[PDB]
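A single structure is presented below for examination.
Removed: one protein chain of the complex. Kept in place: all other protein chains.
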Amino acid sequence: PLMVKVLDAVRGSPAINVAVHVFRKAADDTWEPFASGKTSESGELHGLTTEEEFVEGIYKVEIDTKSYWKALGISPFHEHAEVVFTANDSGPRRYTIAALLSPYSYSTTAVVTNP
Amino acid sequence: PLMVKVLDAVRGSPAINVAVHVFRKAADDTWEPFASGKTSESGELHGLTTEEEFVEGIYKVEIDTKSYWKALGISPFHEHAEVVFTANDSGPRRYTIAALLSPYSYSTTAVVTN
Amino acid sequence: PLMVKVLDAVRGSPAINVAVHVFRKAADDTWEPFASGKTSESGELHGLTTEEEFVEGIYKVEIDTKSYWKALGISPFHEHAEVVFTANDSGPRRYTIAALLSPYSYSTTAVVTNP
Partner (left out) sequence: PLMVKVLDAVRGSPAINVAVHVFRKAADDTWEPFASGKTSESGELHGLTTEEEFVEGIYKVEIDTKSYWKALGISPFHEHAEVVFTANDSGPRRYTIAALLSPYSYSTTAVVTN
């Protein structure tokens, strides 16, 4: 129900081995760790969570773009790219969070489908 | 030294009256308020800080996109748009952080010039 | 070897039933029709061409964004989105042309892989 896809606009390729950390806002208003992983050779990260665990809430997907660019000899502008959204508040949905990265820019979108 | 510009991809216009909050990362790794404002009729926010105040450090610019779309009657995806970056004295002096907003997407870039 | 993917930034969904026309620059410098189709329920258009037919050249992928938005009651800004690129000039590659659409904006990227 939660997938992350990352592309590299400089290379025209998937962004491989990009660390992703997901957090969920807790009752006390702090960000609790929720899931993490690294993107594959296709720039995809699957298997973060299950429909049982992915309850309603406010989630933050942090994509470690600085570590990515530094590993290729680019000193980038952003520390990371952060996507914050309410999920599942009208029931379960499937979310794809996609990001396109450049050293001084990024764009992100969400595709939200109803299984 | 720090300007923010916000544009609306649905209406093809500046994004007017958008709240923007800027934070600087503190010693204890929390985010301390630094500056804030609302974008003007041109979608710009100027006069956030001064050169003296804007020292090297990690800054977060939070744009209240959710309120913006709600005001237009449109249901958005994001709670806000975040832009987190290090200000470094070596690089050029003036930072423009621009954001292009759609309900389920945003794009941001930095223009860093002398 | 040539795939097109289209997303809608307003809805947070694939852009379905979007017409796509591909042209190849001919010897006389005119644009020759090459392939066409419509995106699926997943916002994807596969099966445009074959590795045999997709020779070196300059290609134009025209995405009929105006027809798309008009069909949803938006009067959009652009007539279409056009992506023009040299393909296969160092041998065969696989190309994904992706576009993210808003009424007054679009973004496009290419993912280019070597089979």
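Descriptive notes on the structure:
Read from first to last, the chains carry the letters A, B and C; within each, the first residue is number 1.
Criterion: a contact is a pair of C-beta atoms (placed from the backbone, for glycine too) under 8 Å apart; a residue touches a chain by one contact, two chains touch by 3 or more.
Where chain A meets the missing chain, the touching residues are 8-12, 77, 100, 102-105, 107. Within chain B, the residues in touch with the undisplayed chain are 7, 9, 12-14, 98, 100, 107, 109-113. Counting the whole complex, the residues of chain C in touch with the unshown chain are 58, 77-80, 82-86, 102, 104-112.
Note that only the chains that are shown with their structure count from here on.
Chain centres here are Cα means. That of chain B falls 32 Å from that of chain C.
In this assembly, the C-alpha centroid of chain A lies 20 Å from the C-alpha centroid of chain B. Chain A has residues 107, 109-112 in contact with two or more other chains.
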